[PDB]
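Chain residues, written in single-letter form:
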Amino acid sequence: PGXXXXXXXXXXXXXXXXXXXXXXXXXXXXXXXXXXXXXXXXXXXXXXXXXXXXX
Amino acid sequence: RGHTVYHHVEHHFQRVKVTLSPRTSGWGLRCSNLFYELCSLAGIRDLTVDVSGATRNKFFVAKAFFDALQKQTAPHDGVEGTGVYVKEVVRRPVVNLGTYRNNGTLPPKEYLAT
Amino acid sequence: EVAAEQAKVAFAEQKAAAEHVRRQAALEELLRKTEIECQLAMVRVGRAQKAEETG
Amino acid sequence: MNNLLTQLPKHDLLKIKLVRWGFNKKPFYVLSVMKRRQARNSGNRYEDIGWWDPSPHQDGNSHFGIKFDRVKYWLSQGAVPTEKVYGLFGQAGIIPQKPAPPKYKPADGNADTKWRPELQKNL
Amino acid sequence: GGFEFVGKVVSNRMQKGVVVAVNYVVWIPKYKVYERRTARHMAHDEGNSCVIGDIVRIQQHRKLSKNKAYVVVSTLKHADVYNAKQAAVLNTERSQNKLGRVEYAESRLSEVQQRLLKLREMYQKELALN
Amino acid sequence: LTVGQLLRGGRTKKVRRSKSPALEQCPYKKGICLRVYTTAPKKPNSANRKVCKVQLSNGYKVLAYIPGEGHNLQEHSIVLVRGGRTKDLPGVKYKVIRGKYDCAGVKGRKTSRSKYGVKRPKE
RNA sequence: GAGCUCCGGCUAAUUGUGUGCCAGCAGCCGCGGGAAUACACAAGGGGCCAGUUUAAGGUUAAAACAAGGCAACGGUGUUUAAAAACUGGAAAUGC
RNA sequence: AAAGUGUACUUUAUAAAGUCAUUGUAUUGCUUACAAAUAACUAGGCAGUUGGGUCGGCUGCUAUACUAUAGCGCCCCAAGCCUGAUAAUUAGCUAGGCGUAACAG
RNA sequence: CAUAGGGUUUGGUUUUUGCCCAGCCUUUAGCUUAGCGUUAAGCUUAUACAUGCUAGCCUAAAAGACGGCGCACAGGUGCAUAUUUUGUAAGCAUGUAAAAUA
Ligand SMILES: [K+]
Ligand SMILES: [K+]
Ligand SMILES: [K+]
Ligand SMILES: [K+]
Ligand SMILES: [Mg+2]
Ligand SMILES: [Mg+2]
Ligand SMILES: [Mg+2]
Ligand SMILES: [Mg+2]
Ligand SMILES: [Mg+2]
Ligand SMILES: [Mg+2]
Ligand SMILES: [Mg+2]
Ligand SMILES: [Mg+2]
Ligand SMILES: [Mg+2]
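Chains as they are written, first to last, in PDB author numbering: chain Bo, 113 to 167; chain Be, 78 to 191; chain Bv, 120 to 174; chain Bp, 19 to 141; chain Bq, 4 to 133; chain Bl, 2 to 124.
Treat the hints as calculated values from the structure; they're not laboratory data. Incorrect hints may have been included.
Reference listing, derived: stretches of chain Bq covered by chain Bv, where coverage requires no fewer than 3 residues with Cβ under 8 Å from a Cβ of chain Bv [unchecked claim]:
hint, region
1, 39–50
2, 96–108
Within a straight-line C-alpha distance of at most 25 Å, the following computed DSS-like cross-link-like pairs (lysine-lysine) qualify [as the list claims (entries may be wrong)]:
hint, chain 1, residue 1, chain 2, residue 2
3, Be, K164, Be, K186
4, Bv, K134, Bq, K128
5, Bp, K85, Bp, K44
6, Bp, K123, Bp, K33
7, Bl, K14, Bl, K108
8, Bv, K152, Bq, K121
9, Bq, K35, Bv, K152
10, Bl, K15, Bl, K94
11, Bl, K116, Bl, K31
12, Be, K94, Be, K164
13, Bq, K35, Bl, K15
14, Bl, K88, Bl, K120
15, Bl, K123, Bl, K54
16, Bl, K88, Bl, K44
17, Bq, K80, Bv, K134
18, Bl, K15, Bl, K54
19, Bp, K90, Bp, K53
20, Bl, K44, Bl, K31
21, Bl, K20, Bl, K120
22, Bq, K101, Bv, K169
23, Bl, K88, Bl, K62
24, Bl, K15, Bq, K33
25, Bq, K33, Bl, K14
26, Bl, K62, Bl, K111
27, Bl, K120, Bq, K35
28, Bl, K54, Bl, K14
29, Bl, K31, Bl, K123
Quick list of simulated restraints, FRET-style, between CB atoms [unchecked claim]:
hint, chain 1, residue 1, chain 2, residue 2, range
30, Be, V171, Bl, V16, 18 to 28 Å
31, Bq, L93, Bv, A135, 24 to 34 Å
32, Bl, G109, Be, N180, 56 to 66 Å
33, Be, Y188, Bl, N59, 17 to 27 Å
34, Bl, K15, Bq, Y34, 44 to 54 Å
35, Bv, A145, Be, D144, 31 to 41 Å
36, Be, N180, Bl, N73, 57 to 67 Å
37, Be, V171, Bl, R114, 49 to 59 Å
38, Be, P99, Bp, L23, 21 to 31 Å
39, Be, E87, Bq, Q62, 33 to 43 Å
40, Bl, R114, Be, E87, 31 to 41 Å
For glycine and all other residues, C-beta sits at the position ideal for the given N, C-alpha and C.
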């Protein structure tokens, strides 16, 4: 999307929008911050959010 | 012509920098007192000299000035191998745009042509 | 008005000339790259025959 | 900086006026096209058209310069010269002289000393 | 300035509206460089069918709302949109049959040769026009 | 620095402080004396230098040195203060101008009378 | 002709008398402890001149875009890294 | 229009004129873009807020453009808009002008 | 019409960094000062103000503005204002539209 973009590409007028890109771009906002944890506790969530075929 | 240098010279003696800029005949000398005395001995009449760096030791400053004068090149160096006639020409030097604006003057017409 | 009309005609002629120059240049570059690809393809065929013997 | 005005006034008149550009008791004037109601030496102008030196020189004459082509242009557009400018144009032969009304008031007996206290101190 | 722009579509969430991003440079006299900057402009879309990621051309127009004073004139490039049905057909073709080392290499060589031959003919025509 | 660093406020102009901050960028300042006493200089000097504590019209209090030989300054005396630092006295950065409202010039001075507020003898 | 200021060095311009780390001078380095061209006075001399000498501001005597350092002191514990800037590359599999 | 018009006003054995009142081909214009000091020990801001539809937006008296600045205001509808944003400190701006070889200040 | 350096850090030398001085421009303070002509100018307070003055002229439905024209011009200041402004550039439909000249 780049610097001036706020949503993902290939989004039609009928298709829905999400906040996945806003979190990545404006990551400094306190609303998106979390607490310190272990590597597995932080990596497992990200891995599942990209593959929808894993329970 | 026995009064200035052939072209711009920049020399780097250890921890000293010296610059020499030619000037038109009769313009005068613009340099420090030490270099003014040296120019009188050699016969230089029109030149601008700027020295910077670690100038505490005056032996180095004089040595750097001496070496700079020996780095010039002349139009007659190996002229036999060129196959041409190296002819002296008359061309007035120019100044930068800021100098013209402050003084309220114009450059040569060859450049203002429009 | 007369001068303006001539300028518009001049602009159209200049644009057409520029487009022709670019099109020829693009074709020349593409032809050279395709030739390089063809040479590599011929090399690969020889390796494929050699590899089949090892199998 | 002093870009000349292009749009004509909508509620006032254009005039050709004299602008004081002299020194102490050494007047010198410049003629320009300006709005009727303004400061005397305002920088708002449409064009500068001439100059005038009212004092005599060694040759015994006064000197006046003017743009002949541009004076006609502004007179056509509607610019109205002042009384003194009419006198200059009349003598220079640009336009016919403008008649003046009859005068009955006894003229002033002290015109060059009434307003100069330095002379009155000696008087 | 600001009569016409070409930019990328970054928002189609409004009714007959769109936001387009623009790049431009500014001269910094003190450091003798051009500084790259960006801006966002809202434009009117009569078709109301734009897709995020398209390259469009916008032109100055009469003010329509508080922040909308431009109109979309043309589209220079259409954004790609994923289509599951078409992708499934391609996967079936790829899995339908397989070739060996030699057969695949020979097929690749033949395809390149045919493409090269056609390109040569087009280049000669271009020279003839010249 | 890189081009990016220079664009993002890389260079900051150096800031230099004044030597007489109590003057608020003024050549002089009026005040009233609070205490008059003497102090000893630092090494290697030795003397009893005359100083006074003055409250300026802006409310600040500073130490001022009294030049010359002898003075008539007491508490509650109006004086004028200028810049100037006495090197051997620590913390003294101002001096009293002599010959002004209350301070008088050195008696018997013949040379540099202006710097000590002494008029030229008519006799 | 008339005043103001200065005469150890940077910086053009010296002798005498008084004082004795006292009185005082001082933009910087510094002078004064009984033999002071630096303090005070007299004479002589230098500079500017109906002006002259302090104090306080702007700018220059390259703060470094033309043009400074991390080698006197400064590179941060390491790695991962969808903004920005710059910009093609030699990866994966099997006993 | 430095003009025309009048059951109008003023001066004349000398008269040309001015004064007052009224009249213009649409009868006095809105909008957008770029640049311009510090500032993160200011990180979230906005709900008429972002966009769409009906209605209103007066001072008349050429004809069309399907209503021809605008959340400028009411009602209704959809959730969007900004993110070195928002909040602070300081200053009237342009420019002549003063220093500098220039750039800069 | 075109770029000048010097002093200082006390075993010596080299090297790095800091400090001070020489120019031009602008206001006050000390001492001192005859006259005439003239250029450019009034650099702190949007602190509080005695007194005089700065915009009036003309005409008349019964000797009088109530009517006409000006005060929409000049002169003063920089409180507020970081953009509401300032400095620039760009955009805004039509053969100006009717009528037998049959
Ligand atoms: K003394
Ligand atoms: K550490
Ligand atoms: K004031
Ligand atoms: K009237
Ligand atoms: Mg841990
Ligand atoms: Mg130098
Ligand atoms: Mg003295
Ligand atoms: Mg000497
Ligand atoms: Mg001395
Ligand atoms: Mg002495
Ligand atoms: Mg203010
Ligand atoms: Mg100078
Ligand atoms: Mg009237």
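request  = Of all the hints given earlier, name the ones this structure violates by number, lowest first.
outcome  = 1, 6, 7, 9, 12, 14, 15, 18, 20, 21, 26, 27, 28, 29, 30, 31, 33, 34, 35, 38, 39, 40
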